[PDB]
Every structure is written in structure tokens, then in C-alpha cells.
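One chain comes next, on its own, written out as C-alpha cells in the form solved without its partner chain.
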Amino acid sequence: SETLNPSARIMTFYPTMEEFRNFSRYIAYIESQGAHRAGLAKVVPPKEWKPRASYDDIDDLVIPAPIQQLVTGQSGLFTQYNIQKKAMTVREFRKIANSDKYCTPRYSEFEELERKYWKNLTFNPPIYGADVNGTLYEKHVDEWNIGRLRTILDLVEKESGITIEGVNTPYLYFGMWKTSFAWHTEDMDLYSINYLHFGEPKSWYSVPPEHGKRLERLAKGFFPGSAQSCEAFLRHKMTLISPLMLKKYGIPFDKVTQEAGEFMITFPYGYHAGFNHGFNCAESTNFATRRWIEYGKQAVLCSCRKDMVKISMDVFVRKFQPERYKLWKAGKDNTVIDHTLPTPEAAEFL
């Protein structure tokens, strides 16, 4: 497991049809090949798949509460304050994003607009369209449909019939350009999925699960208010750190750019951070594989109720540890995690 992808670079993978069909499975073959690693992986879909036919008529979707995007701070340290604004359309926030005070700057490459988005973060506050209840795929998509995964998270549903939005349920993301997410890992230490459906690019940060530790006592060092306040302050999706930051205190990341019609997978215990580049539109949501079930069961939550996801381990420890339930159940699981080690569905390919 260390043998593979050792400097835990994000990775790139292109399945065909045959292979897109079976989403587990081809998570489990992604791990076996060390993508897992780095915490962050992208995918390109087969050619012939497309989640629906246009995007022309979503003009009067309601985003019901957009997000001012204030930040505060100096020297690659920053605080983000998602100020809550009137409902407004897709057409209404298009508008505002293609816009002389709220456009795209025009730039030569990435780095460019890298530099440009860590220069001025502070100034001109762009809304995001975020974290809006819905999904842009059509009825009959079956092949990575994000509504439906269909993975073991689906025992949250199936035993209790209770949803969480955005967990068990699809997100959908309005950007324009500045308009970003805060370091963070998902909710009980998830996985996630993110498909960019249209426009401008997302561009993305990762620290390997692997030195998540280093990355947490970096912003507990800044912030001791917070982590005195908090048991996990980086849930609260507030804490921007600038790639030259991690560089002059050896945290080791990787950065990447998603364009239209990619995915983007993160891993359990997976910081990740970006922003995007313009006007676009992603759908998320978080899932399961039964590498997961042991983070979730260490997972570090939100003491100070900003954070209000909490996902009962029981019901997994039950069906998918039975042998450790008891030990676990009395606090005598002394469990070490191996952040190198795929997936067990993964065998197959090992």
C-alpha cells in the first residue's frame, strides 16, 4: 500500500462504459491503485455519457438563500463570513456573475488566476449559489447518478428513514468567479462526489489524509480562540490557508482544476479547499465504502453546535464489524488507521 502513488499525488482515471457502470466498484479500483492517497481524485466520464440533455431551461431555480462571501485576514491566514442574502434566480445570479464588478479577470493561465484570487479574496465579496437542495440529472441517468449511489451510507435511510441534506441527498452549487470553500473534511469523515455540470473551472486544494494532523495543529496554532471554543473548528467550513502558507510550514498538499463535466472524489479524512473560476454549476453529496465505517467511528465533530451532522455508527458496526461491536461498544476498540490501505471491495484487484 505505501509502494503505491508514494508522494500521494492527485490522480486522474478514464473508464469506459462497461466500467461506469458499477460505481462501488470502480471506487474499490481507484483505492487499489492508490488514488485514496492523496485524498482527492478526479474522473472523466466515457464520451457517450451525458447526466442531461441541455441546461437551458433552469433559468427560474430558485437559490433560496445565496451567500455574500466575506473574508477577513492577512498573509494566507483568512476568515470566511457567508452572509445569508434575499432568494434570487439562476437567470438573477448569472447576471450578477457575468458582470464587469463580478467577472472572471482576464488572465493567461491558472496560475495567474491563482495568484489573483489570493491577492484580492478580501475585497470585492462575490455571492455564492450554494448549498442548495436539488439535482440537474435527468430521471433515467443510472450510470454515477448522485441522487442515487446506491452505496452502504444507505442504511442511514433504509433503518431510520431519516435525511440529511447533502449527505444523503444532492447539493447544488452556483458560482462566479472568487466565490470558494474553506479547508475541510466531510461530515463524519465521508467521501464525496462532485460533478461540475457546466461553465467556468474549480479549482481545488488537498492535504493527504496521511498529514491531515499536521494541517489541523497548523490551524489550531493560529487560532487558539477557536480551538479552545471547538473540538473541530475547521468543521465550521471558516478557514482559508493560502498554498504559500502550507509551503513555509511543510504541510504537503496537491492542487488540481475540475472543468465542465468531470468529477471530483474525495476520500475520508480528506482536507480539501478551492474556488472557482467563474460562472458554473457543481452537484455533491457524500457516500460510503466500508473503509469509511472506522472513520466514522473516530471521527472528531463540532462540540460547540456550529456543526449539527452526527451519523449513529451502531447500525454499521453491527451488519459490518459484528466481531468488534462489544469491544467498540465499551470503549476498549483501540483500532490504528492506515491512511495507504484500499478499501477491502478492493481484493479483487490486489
Second form
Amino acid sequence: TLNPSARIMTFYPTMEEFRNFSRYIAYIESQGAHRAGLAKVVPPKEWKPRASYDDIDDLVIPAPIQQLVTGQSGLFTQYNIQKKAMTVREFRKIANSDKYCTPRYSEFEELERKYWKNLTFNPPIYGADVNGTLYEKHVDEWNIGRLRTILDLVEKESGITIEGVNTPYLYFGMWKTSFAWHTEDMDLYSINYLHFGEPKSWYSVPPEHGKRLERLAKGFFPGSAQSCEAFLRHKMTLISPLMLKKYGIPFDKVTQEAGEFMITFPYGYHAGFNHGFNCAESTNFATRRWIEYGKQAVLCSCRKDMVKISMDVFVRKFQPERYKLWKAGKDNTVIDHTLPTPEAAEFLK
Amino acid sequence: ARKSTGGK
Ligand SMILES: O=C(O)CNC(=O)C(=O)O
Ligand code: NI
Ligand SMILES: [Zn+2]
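Requested next: the structure of the form solved in complex with its partner chain (the form solved without its partner chain having been shown above).
Zooming out: every chain and molecule, the one shown earlier first.
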């Protein structure tokens, strides 16, 4: 009966708790964290992934995107236009310039209103999807380059690399840069570490009301829905929290600060924006709980070469009793979004 | 074959 409100939880592990990543994810799930779709973990003070960020101004952002937003009344579509390569130095100059910098504000609620008031104006540049990592090679705790989860079975058995999914991405943000409503590819988990800069704000719908958000999205954008079941996977759809309130979709809000991790959980819809110049690192990962989510993930079919993982390896290894049934197409398992991952048993005994 | 922030 854990986290019955399904609110976003924040955790403050000691360095001892922190060390084993998979095991801490099982712990937070034993506390009900997954029910929110999104959780915050504040790493211990003594922890640091990089001694300094003084040297990265020469790093290349090979395909920055200008974010053109169209819409009104809490409903928008974002078009992401690939601009020419620029350096982090070139990006920071634009980010902090009078034209693109963060407006003056008092309370977060004020910055949030300005975001929803102004997101269709003066399209910003998001330095998104940059292959690479800012962790130093020796960093053994919560290293996004090597978290050591069962997602590693993809590369271990097939040799398949999916950039961003089983490798890390860097994201350089400026004010009013946005991520649209979405779950992860194959409904995996994600991890996001805010290396530096101004905050990133998040909205999250609980996985248990996820279908409700899809039904509503389908109604607001019926053309997009009629031509692709999984159109939210296109990552173009922005919906304000006032609209979510108006139609009864439970959601939570959270602001991530420099030095904080966010975890997103399978089928946890999330969206948000950056406050100003910052840098985040992200990848996906898995637990045993994810396997059923992966078997049932509704995928985008209308775009070529979208992210699709063979589940075969995972069903054979962790669900050998159900493999023949699954392969016949007769595995009718119903997901219970409240249940924690099997690995949490250690913490519930 | 790769993760993307979003399309057009
Ligand atoms: O930071 C962004 O642009 C959005 N991040 C995520 O969606 C994530 O980490 O799952
Ligand atoms: Ni995400
Ligand atoms: Zn599609």
C-alpha cells in the first residue's frame, strides 16, 4: 500500500546506500517511488562526477535544434529544426544573451506562467542528443556510461548499440527549451543528471493514469492519432498543467537543480522545460519489472528506424515459464503499475 | 536506431 497518493518522492541516500545503483532503484521502488512516474535522488555531498567543467567550451554540439512551437490554450505542437554545428562556447553566448536569457522572476509559479505564456515566441535552441559523457573514467557510482543494469543484455547478446538508450547523451539547454509529453523508448526507465546550470522543471503523470493521458491526447489531436497509434512518441506534443487539471489527469511537478538526479519509471509520462543555460546527461536503463512493459510497449510505426528492442532475450532468461505462450502470442499478462520490481524483495522482508 | 529529443 506504498505511496498511495502517487506523489513525486525525493531521496537522500548516504554514500553507502548510493554505491550500488540497481539496488538503490529497487529500494526506492520498495518505498512506492515508481507510482509517481518520476523520482528525485539527491546524491551525497562528498560525491562529484567531474572535478571541473572549465574545459568543455570546445565540445561540439553537432546538430542543435531550434524549437518552433505552434498552438494555443494549453495545447501545442513543437517542430524541432536542426541547425548547423556549434560549440558549447557558441551556445552559451546565445543562451545568456539579452535575446534568449531567462526572464526576471520571483516565485517559480511566476517563471512557469511566463513559460506557458511565451513558449510560442522567440524560438530557442536546444543543444540536445549530443553523444558523450561528462563523468570522469574512474567514477564508479551512478555512472550514466555504465549503470550495470539488465538493459546491458541488448549489447551483450546481439552487439546492438542504440545511441541515447544504451549509451549516454548530453543536453545543453537554454531558457524555454522544452521536452514534450512522452514515455521512454520501449517504455524503459531513464536517469537524468543535471551537471550544472539553471534548473530543469518536470511534469509527470503516474503510470497508472497513463492511458487516461493518451485518451485525452488522442481527442485533442485526432488527426495525429488517426495516422499513428503512438504519436506521443514523436515527442512533438505539449500540454499545459492547467489543461491536465481541466480534464482530471493526475500529475505532479518537480524542479531538478544542478547536482540532482531524476529517475523516470516505465510508462511514466513526463514533460518539462529548462530555466536557462544548463547541461544534463541522460540514458535509459531496465529492471526485471521493465520486461513486461517492454513486451507490451505500443510503438511508433510511421517513422523509419524508430527504437525497437528484441524482447526475446529477456523473456527467455527471466520468464522461461511464459516464453512458449508469449511466442504463440497468448501471453495475456496484465500489468499492475503499483507493484515494485522483484529485486525490491530484499527491502520488504 | 537512436534516441531523439523530438521530430518535426
Ligand atoms: O532533459 C530533457 O530534455 C528531457 N529528459 C528526459 O526526458 C529524461 O531524462 O527522460
Ligand atoms: Ni524522458
Ligand atoms: Zn508514429
